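J.: All chains should be built: construct the whole structure from the sequences, respecting the hints.
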Amino acid sequence: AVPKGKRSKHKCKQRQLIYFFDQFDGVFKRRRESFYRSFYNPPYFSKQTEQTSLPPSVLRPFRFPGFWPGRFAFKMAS
Amino acid sequence: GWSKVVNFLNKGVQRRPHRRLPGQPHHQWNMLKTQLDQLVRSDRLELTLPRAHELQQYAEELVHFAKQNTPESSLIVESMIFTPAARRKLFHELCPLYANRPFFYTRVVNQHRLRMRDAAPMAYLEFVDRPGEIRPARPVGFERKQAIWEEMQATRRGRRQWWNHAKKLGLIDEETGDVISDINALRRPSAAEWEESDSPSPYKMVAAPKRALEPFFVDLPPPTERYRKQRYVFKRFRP
RNA sequence: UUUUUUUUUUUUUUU
RNA sequence: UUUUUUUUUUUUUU
RNA sequence: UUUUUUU
RNA sequence: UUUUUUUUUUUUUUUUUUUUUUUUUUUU
RNA sequence: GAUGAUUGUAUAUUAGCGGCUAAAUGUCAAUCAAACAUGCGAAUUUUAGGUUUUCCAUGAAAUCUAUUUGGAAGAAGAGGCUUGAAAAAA
RNA sequence: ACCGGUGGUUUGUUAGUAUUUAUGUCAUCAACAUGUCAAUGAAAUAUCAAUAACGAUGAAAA
RNA sequence: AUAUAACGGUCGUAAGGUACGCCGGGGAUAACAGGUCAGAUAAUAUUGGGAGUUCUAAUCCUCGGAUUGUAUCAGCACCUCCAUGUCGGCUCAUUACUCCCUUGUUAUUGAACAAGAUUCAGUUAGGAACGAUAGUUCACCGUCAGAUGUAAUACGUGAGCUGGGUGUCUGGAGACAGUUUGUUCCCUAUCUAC
RNA sequence: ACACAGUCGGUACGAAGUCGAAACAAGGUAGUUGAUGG
RNA sequence: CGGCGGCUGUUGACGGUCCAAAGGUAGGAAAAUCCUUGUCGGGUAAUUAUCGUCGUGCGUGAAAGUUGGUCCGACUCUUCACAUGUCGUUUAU
RNA sequence: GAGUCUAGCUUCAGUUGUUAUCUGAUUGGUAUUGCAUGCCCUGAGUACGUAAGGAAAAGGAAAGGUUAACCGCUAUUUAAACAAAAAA
RNA sequence: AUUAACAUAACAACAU
RNA sequence: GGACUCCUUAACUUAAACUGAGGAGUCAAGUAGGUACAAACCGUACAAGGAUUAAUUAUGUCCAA
RNA sequence: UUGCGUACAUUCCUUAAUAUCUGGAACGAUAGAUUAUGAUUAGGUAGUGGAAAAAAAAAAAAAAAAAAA
RNA sequence: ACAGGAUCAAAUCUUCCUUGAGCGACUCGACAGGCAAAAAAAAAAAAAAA
RNA sequence: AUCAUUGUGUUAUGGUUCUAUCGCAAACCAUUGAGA
RNA sequence: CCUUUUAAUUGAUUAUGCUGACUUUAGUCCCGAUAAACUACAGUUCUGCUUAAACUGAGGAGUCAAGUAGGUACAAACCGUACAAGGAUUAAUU
RNA sequence: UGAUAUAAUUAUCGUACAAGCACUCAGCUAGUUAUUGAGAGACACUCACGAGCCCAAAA
RNA sequence: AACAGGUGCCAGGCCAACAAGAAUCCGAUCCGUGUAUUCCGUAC
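For the record, the sequence lines run as chains UF and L8.
Under the authors' numbering, think of the first position of the first sequence as 2, with each following residue one higher.
Per the authors' numbering, the second sequence runs over residues 2 to 199, 207 to 247.
Worth flagging that the hints you see were computed from the coordinates, not collected in a lab.
Built from N, CA and C at the ideal position, the CB exists for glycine as well.
Hints may be right or wrong, so weigh each one.
Below, simulated PhoX-like cross-link-like pairs (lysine-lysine); rule was C-alpha separation at most 20 Å, straight line [to be verified]: (1) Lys168 (chain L8) <-> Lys146 (chain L8); (2) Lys90 (chain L8) <-> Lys34 (chain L8); (3) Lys5 (chain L8) <-> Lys30 (chain UF); (4) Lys169 (chain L8) <-> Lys146 (chain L8); (5) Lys146 (chain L8) <-> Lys48 (chain UF); (6) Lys90 (chain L8) <-> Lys68 (chain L8).
Derived Cβ-Cβ restraints for the label pairs, each shown as a range [what the hints assert, rightly or not]: (7) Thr156 (chain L8) <-> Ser54 (chain UF): 40 to 50 Å; (8) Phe105 (chain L8) <-> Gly67 (chain UF): 45 to 55 Å; (9) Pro85 (chain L8) <-> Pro62 (chain UF): 48 to 58 Å; (10) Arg114 (chain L8) <-> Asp26 (chain UF): 47 to 57 Å; (11) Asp26 (chain UF) <-> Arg20 (chain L8): 25 to 35 Å; (12) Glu94 (chain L8) <-> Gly67 (chain UF): 48 to 58 Å; (13) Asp26 (chain UF) <-> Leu228 (chain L8): 54 to 64 Å; (14) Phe9 (chain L8) <-> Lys30 (chain UF): 15 to 25 Å.
T.: Structure, rendered in structure tokens:
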């Protein structure tokens, strides 16, 4: 078949939000949760990229130093 | 797509036991066969989660039929390997290993990450009770009994919880109604050990943790470092 | 006997 | 006028 | 807010 | 072990089977 | 079909008022009963499309002869329009 | 009054202007591709200083 | 002194085909489908006459008029406008008629029983098999006897399929068949005033 | 929005007070009551 | 180098008359032709489809090419045999 | 405010069709049928009829056909072939 | 540097 | 070289919105109103323009009004 | 019996009239300030007629103008 | 709910009245569960303890 | 003056055509130089 | 400014009009036959096809196209590549 | 919330309406001209001179 | 037409080898050939 008329702006607008919700509920939300789980485990290290990549690490940084109690740095030795 | 079709179509649909693979059955079986040998030769492989959940089915059966030590079983084992190196390893390092392990010699670990080039899940298929394992394995056999006894002797709660179970294993003295004192009395010889048959040399080997060391130095990289080759070669474009 | 007709757009026929 | 009443009838003329 | 029915 | 008619069973209920919705709340 | 009106190849001939044609109006630079390019040889149409700001005054016909008379009013003639009015007390 | 040199007017403030080449076709043939020789600014012989901020020149800037 | 008798007068005694058909503008394929029309004709009832001849109405044939309706034939306009003998079959369907069988015990009957004929009524219940020849469909022929088996819907149905002649299309809006957590669990929602 | 997505029309502050309500009349004191035998 | 026929009388050898250059020869014949069911026989539970035959129903027609023995066949049709989801009516990998 | 089960409404075709009087201690007073193809059996060789011939009330059953459901049996197709011993 | 069509954002609204 | 209606009338199946004539209105080129729903029928003191006003017309007077 | 609803006023206010005949052959006049009870008026396809506008360019007329500066 | 009320007043076991129909019935008040992993024809199957 | 909320109003950003001369006689006029 | 003139060809929602931009259809359609491995003490993965010999005294048995298409850092850039006598008797030097 | 209302354009007897074009915007685009014509009962402006008016090409 | 060029944009009196005012007032930044007034050169 072939379209008989042109689609209005309103319809498109509606469709936009429809699609956005559709995608968000099924892709993005799942991906976010999957991403966030990996934090507990050590970061991933690739052998191929060893030529340029930084050494491996386990420890995670703290993005919010304002709510970071306890010592931050150690005093230099004599 | 729409993300709704997936749900609409899936209603009243049964799950497949064996995951489909690209190619004819004859091809699929070949693929799985070769991957089993490659898994035997490495100790851990990095594969997609669906595939990792599929190869583990044959990974268990290979070791299950390798321990029988029968002409019949030997045939089936033969029918599942390609290279001699995998046969050698299976029959000389893995069979002695899982002497006391009833089953479950492998596991699957999810990486919770997506491929850069494919956006696909990833997982590790590693054997159990191997050097450099992701996580430690539980004891079996007399080791298990010793662990249990230790647990029991630790605290009261353990004693109470293991009371029933301990009876079967014989860790409770029926003549006094108390946990056995000496645990070494329950030691028995395993299959893995060597049965009894019944120097001032300068070339004597030196004891060391995996294998002994020679009293001489040989200029040779490790087995994994004496054979180099380009992983991939660029293919120039033809505009 | 009459008021009530094609009032055959609907209800109603309340006389 | 009587539950008499698939095409069957009675009573009374309202 | 019905009419008519001679002597 | 699965599917199917080429096998087997019923041919009853309709105020029944079933169901997405408690309603004295007249200006959320 | 494949021992024969077999297949295949370098370089060549036939030019539109034409040639080719074991004869189809089949083919001649992927819609040839008459090819393609150019034209101060500056293309014709009773059919048919379009025809751009406002206000005001006045205001049609589908009838007649002729055209060997047609039809979806073609052309020519006649006919049809601004003539009048409508302002009053013994 | 020929001939050489210099200057001005009209054509022409009202008119208009083209030289190089990417692409089509066997050929004839057809054709106005892509702003300017160009950061911007009258002046760059004003474009300084640099680590965040405040600072320099300029009518106007990061 | 001939023609123009096509006599408002150029006849100059100068004709046909194209299923090889291009261009321009109009809607007509050689039964003029549909709608409209209702001549023939169809439904119900009625009257005249002829059968049943004892008997005009158990039942059957035919005539006139009136009402309703239009299946089919002829005719066909100014209206309409797709491509065909103005459909043959397959798939999938809706509606009306007391519609082929099953109901009205028990008075309409030339109804002894059995098997039969005409007419009417419901709260509209359950059912009705194939083949050969392809002469576009009708009389008839052979089998199971499922037991005398009609119309409308654009041939019902061709962006669902097709065949020996009496084109193509990947579904935007209606409808129909499936499916939908929620007051919150994406983001945002900042009084009163001294 | 039912709409060829337009036009006409479109809300009447105080008592949300009260130490008022007195120069009608009556009054079960309610800031109550006024006609009527079908 | 276009083609080749009327009345009437006894199934009718035969008789009258008109016209013309001559007045369809033989063969084939329900047909690459008339007619979309001509009579009879062979096949099938049914054959109008098709073969054989009759030669009237209309008609064709001889170096216009007619008829055809034997041989031959990418030419129509009848009929026999094996297997077969073409099928009533649809399944599984 | 929240969980469960539910009342009312809705549902193929379609209808408004039901109960005077009231056993005196005498074995007691309507009751789940709307519906319907063909053939066979009891009723029955009876009603009917010179003869031939040959019914109904009710129930019971064997084919054929439609819808729906299911895998106990049969037929077609097809898959699987692995952890009892704490001496392991 | 540059009009319209077209594309995105901010603010403004309560008899609901 | 005209579409509907009124009177007369030719043709046709006293058929058809056909085909064709004689003379009046309307539309064509006419608004708003009535006739339920789409020019032709009735009425009009019939649309230069603006506002919150009075009227016998077709015709109506139970409800939608 | 007597009733009633209803479409259309140029009553009020503001415009217009170009084929010789609307008073007007009037009045005014230094190039017209629109008539107050003024008569006929102002639906319109085809065709015909009148009038007002379209920001621009050219021209050798952009300071004799109150008050204030 | 035997919760409230009357009486020269109820067998153990409330004579009688009120609760409009004790909020349609039961029950809860740290009540209830969307998404993820894993499993998954409808449906069912996990106590907490990194 | 109907945003109930998917609308409208204002404003802003983005998009958006593209012109800087490298030229100006063979005709006419005036003036000047040598020689007739 | 006003006034006179103007051969400007001087007037737009529409000719499926010519030359451009930007929406809708519309995150719809389109994806070519066979892969895998590169480890924690040795090794030979599977599959399709089957002219892959380069002095042996002999110029690998030919033509044509590429207007230089198997050189080069996981470069669509820059920079190179055609020797008919085969230069390396390069059996030496260090 | 109440009342009311059939996109636009051309042809046509016929608002004919299920006929023809157009998604939208920007630029271009369709009555041009009397040294030669004119007032003819369907429509014809104005200036000068006057029984007299104009004067062509050289210049 | 003092369009003869340039100087930051409209110059008879400024650069351009030969005449003629750095003229006065006004000016948002902001030079300013611009408005008003006035002088002078010219066989340009």
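J.: Are the hints correct? Go through all of them and say.
T.: Now the hints, each set against the structure:
1. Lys168 (chain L8) <-> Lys146 (chain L8): It holds: about 11 Å lies between the C-alpha atoms, which stays within 20 Å.
2. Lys90 (chain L8) <-> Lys34 (chain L8): holds, 16 Å
3. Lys5 (chain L8) <-> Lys30 (chain UF): holds, 15 Å
4. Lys169 (chain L8) <-> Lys146 (chain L8): holds, 11 Å
5. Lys146 (chain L8) <-> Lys48 (chain UF): At roughly 41 Å apart (the allowed maximum being 20 Å), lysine 48 (chain UF) and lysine 146 (chain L8) break the hint.
6. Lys90 (chain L8) <-> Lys68 (chain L8): Judged against 20 Å, a Cα distance of about 13 Å means the pair holds.
7. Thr156 (chain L8) <-> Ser54 (chain UF): 40 to 50 Å: holds, 47 Å
8. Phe105 (chain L8) <-> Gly67 (chain UF): 45 to 55 Å: holds, 48 Å
9. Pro85 (chain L8) <-> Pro62 (chain UF): 48 to 58 Å: holds, 49 Å
10. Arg114 (chain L8) <-> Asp26 (chain UF): 47 to 57 Å: The hinted range 47 to 57 Å is violated for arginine 114 (chain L8) and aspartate 26 (chain UF), with Cβ atoms some 22 Å apart.
11. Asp26 (chain UF) <-> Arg20 (chain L8): 25 to 35 Å: holds, 27 Å
12. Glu94 (chain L8) <-> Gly67 (chain UF): 48 to 58 Å: holds, 54 Å
13. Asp26 (chain UF) <-> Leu228 (chain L8): 54 to 64 Å: Given a distance of about 59 Å, which is inside 54 to 64 Å, the answer is holds.
14. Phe9 (chain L8) <-> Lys30 (chain UF): 15 to 25 Å: holds, 20 Å
Consistency note: the structure conflicts with the earlier hints numbered 5, 10.
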